[PDB]
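The other protein chains are all here in position, but one chain of the complex has been omitted.
As written, the chain order gives the labels A, B and C, with residue 1 at the start of each chain.
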Amino acid sequence: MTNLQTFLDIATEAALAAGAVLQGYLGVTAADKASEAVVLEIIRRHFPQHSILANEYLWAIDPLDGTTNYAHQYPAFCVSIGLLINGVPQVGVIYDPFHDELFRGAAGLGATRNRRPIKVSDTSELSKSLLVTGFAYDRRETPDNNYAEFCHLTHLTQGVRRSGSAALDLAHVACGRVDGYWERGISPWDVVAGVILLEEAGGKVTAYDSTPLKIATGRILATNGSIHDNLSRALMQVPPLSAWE
Amino acid sequence: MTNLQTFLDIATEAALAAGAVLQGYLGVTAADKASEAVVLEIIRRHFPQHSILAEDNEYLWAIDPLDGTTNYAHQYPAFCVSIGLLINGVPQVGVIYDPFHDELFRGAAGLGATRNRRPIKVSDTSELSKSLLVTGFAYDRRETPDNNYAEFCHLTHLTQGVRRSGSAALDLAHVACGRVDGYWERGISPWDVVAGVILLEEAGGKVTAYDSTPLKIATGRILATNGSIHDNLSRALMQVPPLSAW
Amino acid sequence: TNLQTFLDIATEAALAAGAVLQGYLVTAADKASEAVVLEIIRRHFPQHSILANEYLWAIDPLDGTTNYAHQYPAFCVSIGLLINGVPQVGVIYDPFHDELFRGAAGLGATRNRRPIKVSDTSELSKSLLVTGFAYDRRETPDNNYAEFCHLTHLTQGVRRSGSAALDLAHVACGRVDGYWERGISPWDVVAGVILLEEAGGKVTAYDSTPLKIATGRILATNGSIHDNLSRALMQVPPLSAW
Partner (left out) sequence: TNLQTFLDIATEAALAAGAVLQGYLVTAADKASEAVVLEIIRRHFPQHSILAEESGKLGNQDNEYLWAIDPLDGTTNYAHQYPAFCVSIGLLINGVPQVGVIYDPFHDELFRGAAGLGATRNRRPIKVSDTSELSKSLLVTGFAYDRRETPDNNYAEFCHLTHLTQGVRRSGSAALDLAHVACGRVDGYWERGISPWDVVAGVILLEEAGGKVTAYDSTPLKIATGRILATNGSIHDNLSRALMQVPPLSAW
């Protein structure tokens, strides 16, 4: 509808403005602060009645996803700007300012990168798939550290990447550069924009066991749709690390 | 040395020409073959007396026409052409070209290291807890218990993170310019690493076996760091607890 | 403020239309770009009026059509806002070189979201200028050739790019020191005029009296050579005198 394109227009300009701020600093906490201020000013000026995640309309903003990467100048970081409408992701913009890759999606309006259409891959077999995952800040505090999962899928697939940016990982599923992505311990601002981007690109986003996505649990399974069942089953069957030599 | 700069000039043009071929195909086996043919024609036309290693002369070129083949097949943006020269079995000239991001890494003994013809240098990080590392996993990983998983988990617990890009040559280039602090992998081949090794050394880094004894490429194992973290990372890899201990 | 909101939407319209131009890269391209721009401006500002009333948008969906037809890399989308007939918001986007020029009254001038400023050149000798030639040049003796020859003699050179909007953008970021042209249209210049003024430049008629876009004549400089260039334009020998 007309509002969603208007929402997507403003989120795009906010992401590009913030991305330029992040690029300027390259010559970390200050950069993240400066990007957030730019994003908030734009969204609040155009949509004073909307809320920022913390009411029908709720913006989930990550001003700098991939903070560890950015501190090391590792080229995998982005701005993520997502809109929840009645708690459902409906508008998403993810901008990688180092590679100048602008991912945009909105419900019923399609998914693009640099304003050209993108689509998920068709891969259905784990043995022919390339996946990506991440590891949470709390990984030393719980036995559920995602290592078992990583090892298991690394054995069953062509490989599991680790980029260091959850938002970019979702964008890479959306354009078919990987076939699937899973992670625990993520935050709403890490994933809201990527979820609608991926769904518009033809993918599927659920919990690990293929029951509906519950962002509050911090767990996400996001695939091209064709590999969703095989990946869900492999994750639920995961042998513990103690079962390896 | 005049000699090394001339070798570096030709390896640079070979990498750029092959990178353009890889870009043309993006619009996998054919791409790899076409890239190799381009590299071989250039090296052998300029240096007909040199020997080629790909797929005991004084001059031996270790060529990877497409490092990151899995990534390339998926269009995952981490692949490159790697062109390294072994002089009496020692890496001395290296060019690594990422044609998707247009990043040209160049180094030669005594001549320095550059990315896009501008100097690069390794990071200063000395503590594992403040470090960002990268590693990979071999094609034989299902057949041996030494699959590198224990190392990956251990280091992921001890550092800020361990990346997995899918290109060993780009991983070495990322150590060389300070985007990661260290890199280790088993099951690699000479053409994966020769260019990156001399690039990293010229950038100020250090490349050895896991236990810090001299690098032995034939074993397929490499530890490549900024030099300041080399000792701590080497000790962490040697003390690695097995997966069964988790 | 209001101007920032206008600038935000003009920027997204220029980038959206520019991507359309890149996809085609002539009549179809120009029309597709215009439809993209018009849809965006009307959806965000249903009460504004269009040029292609307090708010009046002057849109060129493809400035430099001859260049575009030849794939000569000097064409752009130009989106300017007149508020009570005064240029106040301007976006010029070169999609081939991916150069985004943005300006609004009191908000500054940027290229690719970085500040730009006019040059410091103060002497007509040592200056680099640019000009253009109108479609009607064969029907009138005042075809701008005499001016081109005169200024080419008095300066380091007079460029001819083929895009009036980009010429103004080039003055705004200091790549040239001044620009003059006759036979231009409002949609060619509205965005560039405010961009240049925000960058520190000056825009008038040839004789330095206030700009009159309806006359089709513009003199646009870094401000420091403005009087010198204006004097030269007031003292142009006819072609017959060569």
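Quick notes on this structure:
Heads up, the rule we're going with is that a residue touches a chain if its C-beta (ideal position, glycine included) is under 8 Å from a C-beta of that chain, and two chains touch if they have at least 3 such contacts.
In terms of the touch definition stated at the top, the absent chain reaches B, C within the entire complex. For the chain missing from the display, the contacting residue among C:113, C:117 or C:159 is C:159, taking the whole complex into account. In the complete complex, the residue from B:39, B:42 or B:113 that touches the missing chain is B:42. One of B:2, B:129 or B:239 touches the chain omitted from the figure, and that residue is B:2. For the chain left out of this panel, the touching residue among C:43, C:48, C:113 or C:137 is C:137.
Touch with the chain omitted from the figure is made, among C:47, C:84, C:235 or C:240, by C:240. Contact between chain C and the unshown chain involves residues 66-67, 70-73, 97, 119, 128, 133, 137-138, 141, 145, 148-149, 152-153, 156-162, 170, 174-177, 238-242.
In the full complex, chain B touches the omitted chain through residues 2, 5-6, 9-10, 12-13, 16-17, 20, 24, 42, 45-46, 116-118.
Quick note on the criterion: only the chains that are shown with their structure count from here on.
Legend note: the chain whose CA centroid lies nearest the centroid of all displayed protein CA atoms is A. Centroids built from CA atoms put chain C at 49 Å from chain B. Listed for chain A are no residues, as none touches two or more other chains.
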